[PDB]
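Next comes just one chain, in structure tokens: the form deposited without the partner chain.
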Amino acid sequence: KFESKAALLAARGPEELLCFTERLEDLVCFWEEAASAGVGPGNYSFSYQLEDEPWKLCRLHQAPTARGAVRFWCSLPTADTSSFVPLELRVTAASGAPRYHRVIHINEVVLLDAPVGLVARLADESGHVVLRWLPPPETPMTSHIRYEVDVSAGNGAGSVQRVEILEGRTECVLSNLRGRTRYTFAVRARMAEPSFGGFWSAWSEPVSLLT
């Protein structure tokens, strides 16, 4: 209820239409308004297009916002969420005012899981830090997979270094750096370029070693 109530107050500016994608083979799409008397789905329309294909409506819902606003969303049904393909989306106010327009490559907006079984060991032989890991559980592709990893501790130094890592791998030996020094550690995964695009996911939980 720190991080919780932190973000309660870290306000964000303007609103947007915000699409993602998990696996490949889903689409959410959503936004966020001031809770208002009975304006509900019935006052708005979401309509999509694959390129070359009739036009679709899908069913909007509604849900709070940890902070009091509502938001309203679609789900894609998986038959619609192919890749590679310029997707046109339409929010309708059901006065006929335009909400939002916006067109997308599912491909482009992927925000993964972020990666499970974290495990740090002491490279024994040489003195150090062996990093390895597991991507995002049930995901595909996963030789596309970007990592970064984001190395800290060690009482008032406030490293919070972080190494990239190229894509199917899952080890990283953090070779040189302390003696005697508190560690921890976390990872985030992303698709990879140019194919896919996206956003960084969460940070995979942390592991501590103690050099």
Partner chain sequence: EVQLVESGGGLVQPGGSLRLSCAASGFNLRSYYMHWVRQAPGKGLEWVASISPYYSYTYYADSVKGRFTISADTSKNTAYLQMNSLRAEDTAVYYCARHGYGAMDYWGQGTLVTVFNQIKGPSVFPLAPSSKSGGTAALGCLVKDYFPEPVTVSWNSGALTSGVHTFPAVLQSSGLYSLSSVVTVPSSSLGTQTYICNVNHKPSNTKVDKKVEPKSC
Second form
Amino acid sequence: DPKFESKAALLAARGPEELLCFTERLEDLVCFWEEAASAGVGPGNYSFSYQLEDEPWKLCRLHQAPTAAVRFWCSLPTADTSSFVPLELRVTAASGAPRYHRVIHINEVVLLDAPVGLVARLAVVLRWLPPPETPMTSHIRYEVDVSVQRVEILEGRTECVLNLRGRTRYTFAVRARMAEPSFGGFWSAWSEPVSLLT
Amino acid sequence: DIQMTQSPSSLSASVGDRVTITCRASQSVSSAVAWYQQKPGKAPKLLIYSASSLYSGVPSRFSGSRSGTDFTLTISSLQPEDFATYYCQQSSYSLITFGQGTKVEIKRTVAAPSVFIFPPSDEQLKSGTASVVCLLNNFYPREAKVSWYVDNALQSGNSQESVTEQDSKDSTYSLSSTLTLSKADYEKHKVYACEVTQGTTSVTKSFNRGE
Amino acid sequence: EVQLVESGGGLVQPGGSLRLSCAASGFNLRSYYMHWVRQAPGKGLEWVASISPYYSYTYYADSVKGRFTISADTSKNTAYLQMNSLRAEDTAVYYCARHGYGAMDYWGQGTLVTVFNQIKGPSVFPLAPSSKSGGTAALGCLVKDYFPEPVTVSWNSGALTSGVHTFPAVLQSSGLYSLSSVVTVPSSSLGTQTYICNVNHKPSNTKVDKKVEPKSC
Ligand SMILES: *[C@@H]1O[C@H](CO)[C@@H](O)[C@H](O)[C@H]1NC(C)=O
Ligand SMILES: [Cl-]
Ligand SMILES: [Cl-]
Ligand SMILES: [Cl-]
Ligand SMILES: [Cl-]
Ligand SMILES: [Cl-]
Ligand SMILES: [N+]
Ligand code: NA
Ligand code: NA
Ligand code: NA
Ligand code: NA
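Having displayed the form deposited without the partner chain, please output the structure of the form solved in complex with the partner chain.
Once more the chain from above appears, this time first in line as the rest of the complex follows.
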């Protein structure tokens, strides 16, 4: 999906880890990493294994694709994407030498769609909607940008009352992320912007 | 090679006390730290995993916490069954390592030992070695300085100590100190003395070879 | 439901070999990481080896690499520790453990590996009471110069248990073990009641029974 690719690109631009995982709707998980292209290296030279809780360890079929380098990734079976439980991940070379090792909580690696329907009007009041098709909107926190000036919004709040200059065109944009403490993750893309000539 | 430095190596506390045990990693292990309880003669028991989650069946007085490479096990209100040895463990690397362990012992009132000194038997002297034994019976706390004097000369390097676990009835310790000499050295001196010191009190028990 | 049952531990020389077994029930052993952890007498826990699920990748502590081999037999649902080139540091209770919750959830009961190049039964000497003394007298048995551990000690064939302290063995500079067992008794019983320490050293198939009497002066 162009959505996974764009969200993966967003995460890959930030890291900080090499082995990156993100969920979109807390019922899914994709983990990926990037390395230099080696002529003899395909998914066969790596094993992706994981254990949830004390269940039998499982293997995940590795996929691969070029990038601007080579990206390996695995898409977890939905049955194994439960929240609030240790998901222990391992990537192991064919020799048995460990490559990556990470425990993650799915609820802590949320990457949402961007907010939609941004609108501004003169009272400058800024309003928007949460990412579409996203549960627990009451736990989504936001940040608006003015144009350079960043304003933080409390979770569940979808309005920002904004000092400015007269006869001025202001471009606004919003992005969203799951709010601590029960959830965490990464900033979405910025929303579609809007302009107001003050 | 990740080191798990556990502090303290032992402590004594009472039922109802709040007990804190610390484990510091020599490098980042993320949150991959577990805590185990072990009692004499038994396998370890998993108590906490991922630094702060309670294993099933573990009561809620046990909690864990992480700050950086610093890991803490807390028992909010110590219970009689909680006296044991606790171990931390990191499993973030394939080379798994454990802390050295923390023994949680029963605190009780101070108790002076009954001190007894035993000369070497005549049978042993026939072997060319002489063992002199000093017994400290049913005392508290465990720390004591036991020194050997031979004709008023302080001994060093030639004695070994052994100590029991806490008695299940009275929570006291008993301790043996064994001085090893050659027969030839034993027979050229007269006065043998074991001196036991705890806090502000010293007790010396002696004998004279012969008599 | 989940159980780990170990076996195979025993007395072995260096240049000998041992194979430890760890039979599992209530779960498929091939689907888990399995661990071996050992604990020397009186000391802490030390991880020894691990085997990975499905691929059977093996990982070892540095001190055992090239001498121990971990393996698994899926048919018998059992993991193994093969031990060669044994040393005195290898004497320990060895546990096997399953991997779960990022840790070791289920553990076997342990099996004891005792390394020795010589077997020596103990000499037993009296720790005699003073009949002339207060109302309480100490007496005992010094159990000297044996190898390997353990020695067991009872008094009056196990009829006397109150007041007995059998100390942990110490390793003397000679390389041999030594311990004492002591008991406190009423001074007035010294002339009438018999006190016999029963020392058993199963490695050397040696049993010593020693009556400890007040020292005639
Ligand atoms: C990857 O695996 C193939 C076998 O499928 C092997 O021929 C190749 O040498 C491996 N590559 C590396 C870098 O080990
Ligand atoms: Cl996480
Ligand atoms: Cl979304
Ligand atoms: Cl006891
Ligand atoms: Cl003898
Ligand atoms: Cl008699
Ligand atoms: N790793
Ligand atoms: Na004292
Ligand atoms: Na004791
Ligand atoms: Na077995
Ligand atoms: Na007697």
